[PDB]
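S.K.: Below are the chains, spelled out letter by letter.
2 protein chains.
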Amino acid sequence: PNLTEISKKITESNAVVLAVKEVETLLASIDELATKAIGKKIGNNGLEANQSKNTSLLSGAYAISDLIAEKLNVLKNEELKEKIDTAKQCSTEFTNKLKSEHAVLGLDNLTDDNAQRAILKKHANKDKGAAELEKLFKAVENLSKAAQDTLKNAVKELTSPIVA
Amino acid sequence: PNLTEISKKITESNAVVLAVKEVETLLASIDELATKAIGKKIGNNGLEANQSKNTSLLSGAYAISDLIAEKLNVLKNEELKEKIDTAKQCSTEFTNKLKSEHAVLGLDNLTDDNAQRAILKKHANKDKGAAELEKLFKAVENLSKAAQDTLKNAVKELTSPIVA
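These protein sequences, in sequence, are chains A and A'. A prime marks a further copy of an entry chain.
Just so we're aligned, residue 40 is where the first sequence starts under the authors' numbering, counting upward by one.
Just so we're aligned, residue 40 is where the second sequence starts under the authors' numbering, counting upward by one.
Isolated chain A, as found in the complex:
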């Protein structure tokens, strides 16, 4: 089958899957910060309660959001360009929302509720980033599905006839 030169199709469609997972995992880390570290402090047993001091925690989410923008800014693939752009745009709006809410997410005694309105996707109130975060989550999700299936083709069209 094409001298099985499907390798190039498999190695490259893979570098995409890899690149996107990275962005995926970075979102998952922000979500871990959100669901596990908000209003918490490092305790002798592990994490425990410490409310209204999520300022630096928020700076961490922002940082990871910047790294996320960087990654997408460099993700290049013609057939996927679409899904990549929307993801990139969501990335921007999410980072931009946090920024505009700097007067609160940047103030020292940041309360948990306010933090969650910024980085906790399932929070009842999402008027400080969560909403945008959510969309960034979905965008990357579809960008992922789109690339993962592409990979499966190059791999599965290995145990199929040549041409059609």
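Derived from the structure by calculation, the hints contain no laboratory data.
Every residue gets a Cβ at the ideal spot worked out from N, C-alpha and C, and that includes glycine.
Certain hints may be false.
Derived BS3-like pairs (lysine-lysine); straight-line CA-CA distance at most 25 angstroms [stated by the list, open to error]:
{"hint": "1", "chain 1": "A'", "residue 1": "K110", "chain 2": "A", "residue 2": "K110"}
{"hint": "2", "chain 1": "A", "residue 1": "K48", "chain 2": "A'", "residue 2": "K191"}
{"hint": "3", "chain 1": "A'", "residue 1": "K47", "chain 2": "A'", "residue 2": "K110"}
{"hint": "4", "chain 1": "A'", "residue 1": "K110", "chain 2": "A", "residue 2": "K177"}
{"hint": "5", "chain 1": "A'", "residue 1": "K177", "chain 2": "A", "residue 2": "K110"}
{"hint": "6", "chain 1": "A'", "residue 1": "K110", "chain 2": "A'", "residue 2": "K48"}
{"hint": "7", "chain 1": "A'", "residue 1": "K110", "chain 2": "A'", "residue 2": "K174"}
{"hint": "8", "chain 1": "A'", "residue 1": "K191", "chain 2": "A'", "residue 2": "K120"}
{"hint": "9", "chain 1": "A'", "residue 1": "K191", "chain 2": "A", "residue 2": "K47"}
{"hint": "10", "chain 1": "A", "residue 1": "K138", "chain 2": "A'", "residue 2": "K75"}
Residues of chain A placed beyond 10 angstroms of chain A' at every Cβ, according to the derived structure [claimed, not checked]:
{"hint": "11", "residue": "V113"}
{"hint": "12", "residue": "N116"}
{"hint": "13", "residue": "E118"}
{"hint": "14", "residue": "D152"}
{"hint": "15", "residue": "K161"}
{"hint": "16", "residue": "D166"}
{"hint": "17", "residue": "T189"}
{"hint": "18", "residue": "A203"}
Given chain A, put chain A' in place with the hints provided.
M.R.: What follows is chain A' alone, placed relative to chain A:
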């Protein structure tokens, strides 16, 4: 070549590469927190100075370290078991070091220097986690190389004769 059933060898040796990258990216996020968010606050322009308030930031690193342990705890592969175990062990010691230093990393006005001694690998002083973090970094790095090369085999042995 083995009815090109190398697919199974490629799809599986890939699920390993994927799983490990995830763990890799999680370390990279902790490092981003370390090199970009310590002693910072979300500002109208982006991140800016705000020293001695890295408590919640540290809770985030701890959280991501817990998620990291979880991932490795579930990473299973016979031929790699070795490199996986050492990584898992480094994971434990790193998380355990942060925990034992809870009296400082869990106190509200955590100074930047103290934070960096915990999660900044290149810091001059690494007596609060950095040292362990570093090792966790190297362990996963080798676990990665080991799996990535494995993948290349299953892919490259696609454009090579059957058997030997």
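S.K.: Each hint: holds or not?
M.R.: Taking the hints in turn, this is what the structure says about them:
Annotation: proposed proximity of A'/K110 to A/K110 holds, straight-line Cα distance about 23 angstroms (limit 25 angstroms). For a cut-off of 25 angstroms, the pair hint linking A/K48 to A'/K191 stands: about 14 angstroms separates their Cα positions. Restraint check for A'/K47 and A'/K110: satisfied, since their Cα atoms lie roughly 23 angstroms apart, inside the 25 angstroms limit. Straight-line distance between C-alpha atoms of A'/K110 and A/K177 comes to about 23 angstroms, which keeps the hinted pair within the 25 angstroms bound.
For the hint linking A'/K177 to A/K110, the alpha-carbon distance of about 23 angstroms falls within 25 angstroms, and the restraint holds. Pair hint A'/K110 plus A'/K48 holds up; C-alpha atoms about 22 angstroms apart against a cutoff of 25 angstroms. A distance of roughly 17 angstroms separates the Cα atoms of A'/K110 and A'/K174; the hinted pair therefore holds under the 25 angstroms criterion. For the hint linking A'/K191 to A'/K120, the alpha-carbon distance of about 19 angstroms falls within 25 angstroms, and the restraint holds.
Taking the CA atoms of A'/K191 and A/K47, the gap is about 12 angstroms. The hint holds against a cut of 25 angstroms. For the hint pairing A/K138 with A'/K75, the CA-to-CA distance comes to about 15 angstroms; that is within 25 angstroms, so the pair holds. With 10 angstroms as the threshold on Cβ separation, the claim that A/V113 sits away from chain A' holds: the shortest Cβ distance comes to roughly 15 angstroms. No beta-carbon of chain A' is positioned within 10 angstroms of the beta-carbon of A/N116; the least distance is around 18 angstroms.
With a least beta-carbon separation of about 20 angstroms from chain A', A/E118 lies farther than 10 angstroms from that chain, consistent with its non-interface assignment. No Cβ of chain A' approaches the Cβ of A/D152 within 10 angstroms, the least distance being about 14 angstroms, so the stated non-interface status holds. A cut-off of 10 angstroms between C-beta atoms confirms that A/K161 is not in contact with chain A'; the least separation is 17 angstroms. Under the 10 angstroms C-beta cut-off, the non-interface status given to A/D166 relative to chain A' holds; the minimum distance is some 16 angstroms.
A/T189, annotated as away from the interface, keeps every beta carbon of chain A' farther than 10 angstroms; the closest lies near 14 angstroms. Every CB of chain A' is more than 10 angstroms from the CB of A/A203 (nearest about 17 angstroms), matching its label as outside the interface.
Every hint from the earlier list agrees with this structure, and none is contradicted.
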